[PDB]
Amino acid sequence: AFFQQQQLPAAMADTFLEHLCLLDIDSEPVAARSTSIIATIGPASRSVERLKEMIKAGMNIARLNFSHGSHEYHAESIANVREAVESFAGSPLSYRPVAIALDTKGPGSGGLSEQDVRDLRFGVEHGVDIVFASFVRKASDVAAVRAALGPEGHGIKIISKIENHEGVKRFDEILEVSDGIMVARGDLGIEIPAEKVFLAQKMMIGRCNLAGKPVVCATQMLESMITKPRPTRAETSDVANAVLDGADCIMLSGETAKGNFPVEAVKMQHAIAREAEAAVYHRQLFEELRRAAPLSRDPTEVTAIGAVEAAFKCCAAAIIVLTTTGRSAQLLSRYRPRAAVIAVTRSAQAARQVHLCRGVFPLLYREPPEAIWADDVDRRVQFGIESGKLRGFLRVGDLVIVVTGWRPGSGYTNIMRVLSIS
Amino acid sequence: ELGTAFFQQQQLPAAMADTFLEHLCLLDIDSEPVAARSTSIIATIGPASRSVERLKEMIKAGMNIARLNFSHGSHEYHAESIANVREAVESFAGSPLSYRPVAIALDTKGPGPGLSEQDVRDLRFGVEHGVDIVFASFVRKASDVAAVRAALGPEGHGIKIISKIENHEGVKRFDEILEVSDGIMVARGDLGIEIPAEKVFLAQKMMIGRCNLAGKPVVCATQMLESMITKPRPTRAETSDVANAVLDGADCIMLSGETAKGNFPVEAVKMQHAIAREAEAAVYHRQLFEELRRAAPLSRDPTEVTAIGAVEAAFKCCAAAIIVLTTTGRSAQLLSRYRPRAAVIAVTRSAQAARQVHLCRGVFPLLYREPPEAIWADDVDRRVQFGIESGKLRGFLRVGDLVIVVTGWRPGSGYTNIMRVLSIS
Amino acid sequence: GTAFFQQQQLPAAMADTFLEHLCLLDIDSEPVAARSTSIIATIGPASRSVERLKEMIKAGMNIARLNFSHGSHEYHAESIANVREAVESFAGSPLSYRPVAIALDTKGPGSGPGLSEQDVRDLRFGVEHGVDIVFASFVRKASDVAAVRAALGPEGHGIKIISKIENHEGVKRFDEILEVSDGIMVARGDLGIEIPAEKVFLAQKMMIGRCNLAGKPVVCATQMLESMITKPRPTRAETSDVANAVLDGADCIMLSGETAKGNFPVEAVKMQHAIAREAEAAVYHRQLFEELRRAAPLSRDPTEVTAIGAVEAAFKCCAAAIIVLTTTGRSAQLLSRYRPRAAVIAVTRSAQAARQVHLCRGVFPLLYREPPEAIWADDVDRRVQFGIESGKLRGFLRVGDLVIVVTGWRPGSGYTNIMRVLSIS
Amino acid sequence: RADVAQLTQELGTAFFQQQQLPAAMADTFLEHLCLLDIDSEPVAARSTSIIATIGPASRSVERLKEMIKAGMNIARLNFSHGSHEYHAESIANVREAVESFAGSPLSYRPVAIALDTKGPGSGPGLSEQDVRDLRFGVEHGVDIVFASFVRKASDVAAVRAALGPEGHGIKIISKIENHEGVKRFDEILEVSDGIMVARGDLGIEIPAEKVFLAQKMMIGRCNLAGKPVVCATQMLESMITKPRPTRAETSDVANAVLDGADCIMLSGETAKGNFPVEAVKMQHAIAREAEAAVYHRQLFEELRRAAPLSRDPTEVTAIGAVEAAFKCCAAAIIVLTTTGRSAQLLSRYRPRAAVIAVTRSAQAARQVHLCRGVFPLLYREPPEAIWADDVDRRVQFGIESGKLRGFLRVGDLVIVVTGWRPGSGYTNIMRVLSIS
Ligand SMILES: O=S(=O)(NCc1ccc(S(=O)(=O)c2ccc(O)c(O)c2)cc1)c1ccc(O)c(O)c1
Ligand SMILES: O=S(=O)(NCc1ccc(S(=O)(=O)c2ccc(O)c(O)c2)cc1)c1ccc(O)c(O)c1
Ligand SMILES: O=P(O)(O)OC[C@H]1O[C@](O)(COP(=O)(O)O)[C@@H](O)[C@@H]1O
Ligand SMILES: O=P(O)(O)OC[C@H]1O[C@](O)(COP(=O)(O)O)[C@@H](O)[C@@H]1O
Ligand SMILES: O=P(O)(O)OC[C@H]1O[C@](O)(COP(=O)(O)O)[C@@H](O)[C@@H]1O
Ligand SMILES: O=P(O)(O)OC[C@H]1O[C@](O)(COP(=O)(O)O)[C@@H](O)[C@@H]1O
Ligand SMILES: O=C([O-])C(=O)[O-]
Ligand SMILES: O=C([O-])C(=O)[O-]
Ligand SMILES: O=C([O-])C(=O)[O-]
Ligand SMILES: O=C([O-])C(=O)[O-]
Ligand SMILES: [K+]
Ligand SMILES: [K+]
Ligand SMILES: [K+]
Ligand SMILES: [K+]
Ligand SMILES: [Mg+2]
Ligand SMILES: [Mg+2]
Ligand SMILES: [Mg+2]
Ligand SMILES: [Mg+2]
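Top to bottom, those sequences are chains A, C, D and B. What the first sequence shows, in the deposited numbering, is residues 23 to 132, 232 to 543, in sequence order. What the second sequence shows, in the deposited numbering, is residues 19 to 129, 132, 231 to 543, in sequence order. What the third sequence shows, in the deposited numbering, is residues 21 to 132, 231 to 543, in sequence order. What the fourth sequence shows, in the deposited numbering, is residues 10 to 132, 231 to 543, in sequence order.
Treat the hints with care, since some could be wrong.
[To be verified] Dumping the calculated EDC-like pairs for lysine to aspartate or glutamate here, alpha-carbon to alpha-carbon at most 20 Å:
| # | chain 1 | residue 1 | chain 2 | residue 2 |
| --- | --- | --- | --- | --- |
| 1 | A | 334 | B | 12 |
| 2 | C | 349 | A | 312 |
| 3 | C | 259 | A | 46 |
| 4 | B | 78 | B | 385 |
| 5 | C | 127 | C | 287 |
| 6 | B | 127 | B | 246 |
| 7 | D | 259 | B | 48 |
| 8 | D | 349 | B | 312 |
| 9 | D | 334 | B | 40 |
| 10 | A | 290 | C | 46 |
| 11 | D | 334 | D | 408 |
| 12 | B | 334 | B | 419 |
I should point out that these hints are in silico values taken from the structure, not numbers from a laboratory.
Turn these sequences into a full structure, and let the hints guide you.
In structure tokens:
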């Protein structure tokens, strides 16, 4: 029964043609949904009661669109998101962190606009986790956003939105200085011919996957759901194909900000993403990602490939990783393991930000400390196991890969262990 | 000899990539398509696309197959639609550069237990009016196809039956349905109501993959550019859906309400044409050809052997086209199954085969009407030169280009066994 | 039949990985194809008798090597006359006649920097006595090949020059040497003294790989069956060395003292024949064909385009042979470079091209003696039928087999452009 | 180039020109062959073990010391000739020569002793002489048995029974010497510790022109199973009387290594020939060149794809460690092992990195020479009070021995493989360490 579920016959295929021929509508997904959902906050999704239903439906990142709305309005949206998120903190083994992303208005007819400088300052003061920087055309645009975040915003992730021809042509220099990319198809589809957007999307997703940096697919994914309870056949296909392309995150704009079915739109993206993730051809994908990732003498990089290889060898249910900044979890995610990457961290911000990386499931550690560092490490790993069991990630008899480091502090991951559950 | 500009166009850097990851990384929005659009467009006829003048604009925009939906309208209404399509098509017989065969497909109302009485009468109407194809609704098993075949009677055995898979049973019994059908339609409208909406992409990708393996035409249908029923431009999800259906391996793409009742029928056809051309250049031929080659069983049929040799030869010289002589369309279909980048120019005397080969990706039909030469070898040579001169006129070929030419050793269907490499003079 | 798929290592040939290919090799799977790697036998006191040469031709000798390091011009002229008498003793049966090339192996430069005066005289003797090939000793750079070519004069333009790589400089300047040579000999005797003995296998494997990439003949030479100079059976290392030279990709394998002075010249030829046939069936064609196609550059030459299409077609139908008409041998050489499993039966009127094509693996030359027919298409057909009749008599072909026939559109060399699938009747 | 650009800047262009690294990074086997370079010098320690047959030319203690220095890893005693007294003296001379280097534990080289049986002769199974010789083997503490003329699984069960309860730790390598042994290979390999392709008798039992097919098939199946395979007979035959081998002989040695043989053997070349030490040196020189010429890119991919999914943590850790070693061009993989099994599971994936196996078992240290690329280090210190400290001291002993022997340099990355509790069978940890 195990080998019939999660498209495993299609996963074991010798060719991509045979992989397609073996896809089965009766093969049910088993793994947890790995592609994060970004939902735009607006009149349809601002109330605390509404935000609780959206978190339960699968929202991982709340996007604030600063093109419209005053600072007072956005501060109230942030407070409502935080109230809804913290209403589930009473059960630490099931608590789900939710990131807050600030999407800038943009340069308009201008580099960095004066309104963007003020909005980025607001973002730092209100503790936002991510910035979706609008209309990024070159590396100096990213440097300007970084400077506007100041010394207190050094930890905020900058996701550059590629929205025009120049952004596509200067993609490599933009990606190099950004934490990730958003394929902002709305403006891109007006700036370049509509029939070419899929080429830009597939190229940018491919280059982000090669670089091991998060990539978001955005705009009109389930557009008809703004007024209708069910999406079109093209919309479900678009969501599935964005996941198959390699997108780390998928996004909802008007569907959740102003539409009549915000919760249903989140549920639909969750249902499609789970089905599409099981349909990924891991046999060729892992081989290509492994071959393309450069040779490295960084122990975190070396441990990550060894751990993902070990996970595939034993059909591991999960890779449990201890991380301070999220980096060790991101390096595991870049190889696209089928095994869930359960990231145990004490940092509330890193727990929110790792939603940008496909297949990273953040767990915020709030248990009492242990006097012996090795005992504290073991307890965090056992916490990952208990949370995994409660959430359905793990069962007794499963094998897990555990990734830790040799000393406290970030940057010292160098150990991979094979553990039997219970 | 060809120049650096040649190797920058039609996504050729992405085509030469050693891995699918590098293929994706090399896709370029500035690399313009050069080849003729190979995925056929099926447009549904209705109030928005019925007039002769509107049909002429749709043919110019790229419509290859006209679909008549027998779920609505009387036999009198459909006979007038067929006459209007034929009048619009024949209005171009004056210009060789613009005249093109256009197939007529009858889409049945559907089943109740066996074939409905209305379907028996509509299938009989199809034979009497010389339709080329039947899109059989709600096919659930092999006996459903046999019943449609029997209803095509003594005169309509040459009509192609494309089975529409619209429910769970059709998906589960897919292999037995494909075995007795000429091709398949992924009818996503009903399929998306019969099975969970989030599973339709799996059924679409599986059926396209299995049809490509079998070398039989597959159509992707329904809501591809839905918003264009009321808006002049489609959504980002809609352009993506069209591009991904082509990348999946669909031979044809379809428009329903977009052309039957919408406010922008011609613009919907133009949009599908523009996207398909871009998506066809983005196909990863290096791995696709290797996999189609490896999956296709060994064969002692000379047409199949010649087809793989010709497609291999076309890739070796970057041939502009493969010119094939065919009576039934079969030699062109066997070339098409290997997905050559070269256009398959099919020269035929059969007006029906010329219309029907639009079901096969990359087959460009040329109807030949010259009287037969007394010496057979001279009649073969005249048809090959007809394909070359048409190719020159339409922009496929230029003097100095190489073309692959596929013919047989004796007259009649079933004897294709020769591949030649010709330099265009 | 099931028996067909058990023979010639076909289970190991269909394997998905090289590891599985090795695991499926079967000592009970008998070879079926004709032996494709040519055997070069050095002529000497043990092999000069006309009657002994007849037995060597029957055992499988394809090329007779005359080592100009020993013996006078008078001795070598008698060797040539003896070889020709033995070869022509079989000319009375044209369907079974086996051409045999004559190769002159030069003494070399000695302590000099380039072409020695003795080599100038020996090369002139070679042209005057009509030798087919020159094995040029100690080639160190491209100018060494040019000097050999100049010494052959205007009458020796058709002689093939095979450069012997025997030292470090030859290995380092390999690319420039191969570019101007017709082929290469891995001359392991001197190479194993000029560079460390433990590195010779790296030079052999590299040079064979580069010659296969270039589509030019490569010969493996020296001590392959050394112990057979005095013993009736070779060592385990010797049989392994012959098998591995064929698996590496050598077009020819050579015997020196084993046929020139030893007590078992006929047995040494028979042993190389037996090993080569076993090793050729153990070649992993699945990966080899894919790599040769991928590495071979795109081409606008119709002979090259026809060759890849024909080899692809032969693999698709398990063709027993590819019958090719050739004037210079070039059309057969372009088929051979893709390493088909199908035998390349080359029909030619050129007695010299018939001898020289033994340098290309899997090319079986047939010398056609009939004067040209009045109708060129009939002359072409008679030559193809001669290939079929010779193939049937020699065991290459049987009724029911499929063959690929490669011809051109007009008389004269350089116009090959047609591939045809034919059933043997 | 982007996949190796940062590491090329860090390690230098000279590093990437050595050990056939351009040929190793090739995208196809054809390009791999085209890039093989006679000027690309081997760097890694020789991984294919050399078995030398002991006889009149290689019996003295002084001659045995030179053979150990030349690279002999396993001493073969051919019980087809010589009395029990003759073989006991050969064993004593080998042990005296081996123990003459024990004074420096960081450089000591273990040497296995293998007993090669006379065989069944005209009989259907285990002969009476073999029963007595196998009992002698157990009484004299031999590490390995090369069982002659194995034709079926019951032949190996008979050898195992003749070793008795005290010989359970002895490795049985079945010699395949006839058609029946080749046909029943799968059942023989299943119950054996490894195989010897005994080409001398095989080449008389089956057509001589078919032996290469049997050799390549058996090496392939042993590599698939992760069990040692030995290539034997006439590899450097002419070196019995000549100081240099023929071109076919060097080719045969190189091709046995490229085929996948864990061990290569010398018979008359060391037992009775005039150049026993030179024969060992020649096999050492060819094996190092051939090991660098292995196409690891495809070999590793095929070994991973063919190896079935496993829930054994030693197997899972082994593949993770070999993958990690390739990622960073690790100089070595240090593994703690009691029986040799954790080192054998690393060896089956054919890492380019040397597998430095630290063990307290003197017998396991000798037996792991059967597995390609395993370098045994015999640890002689008594156990620490705290087990985690004892584990750490053994890892440091591997690093210190590695540095002293030239395997490891400051700045290198090493992969360390250990287990979660004492005793055999619990390997489950892989660590990446920087050498300081
Ligand atoms: O156009 S193809 O050659 N696409 C191959 C293909 C498609 C997908 C994958 S992936 O899923 O491993 C993958 C996804 C993203 C990556 O960044 C990556 O490195 C690998 C591999 C290969 C094709 C189409 C239809 C066919 O029926 C056919 O046989 C061949
Ligand atoms: O015959 S081939 O298709 N390949 C042989 C090949 C391919 C790969 C390797 S391995 O060294 O990775 C390897 C060795 C042993 C194994 O158990 C294994 O799993 C892999 C060796 C040899 C060939 C020959 C010559 C060519 O020039 C050409 O392009 C192709
Ligand atoms: O992913 P990051 O940010 O590098 O964090 C990984 C770090 O986490 C640890 O596993 C545990 O460290 P702490 O005890 O400081 O939380 C370290 O050993 C390792 O260096
Ligand atoms: O594709 P089909 O229907 O088999 O037709 C291919 C046939 O066309 C030809 O090329 C020409 O035949 P006709 O002259 O009868 O049209 C035949 O030699 C060949 O058998
Ligand atoms: O291989 P080559 O030397 O180019 O010879 C091939 C030539 O042989 C032919 O098939 C027959 O030519 P001939 O009639 O002159 O022998 C030509 O059509 C073709 O050009
Ligand atoms: O390779 P083997 O025989 O399984 O030995 C591996 C064993 O060695 C160890 O690393 C150390 O064990 P000991 O302390 O008993 O020597 C164990 O943790 C592990 O199970
Ligand atoms: O700004 C955006 O999100 C867009 O244009 O898609
Ligand atoms: O009938 C159709 O085309 C459908 O249901 O999609
Ligand atoms: O000259 C030769 O043939 C050699 O050195 O091998
Ligand atoms: O016994 C042996 O070693 C042989 O026959 O090779
Ligand atoms: K915005
Ligand atoms: K209908
Ligand atoms: K000579
Ligand atoms: K013995
Ligand atoms: Mg925008
Ligand atoms: Mg329907
Ligand atoms: Mg020489
Ligand atoms: Mg023996």
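> For this structure, which hints from the list above don't hold up?
Replying inline: Hint check: nothing fails, all pass.
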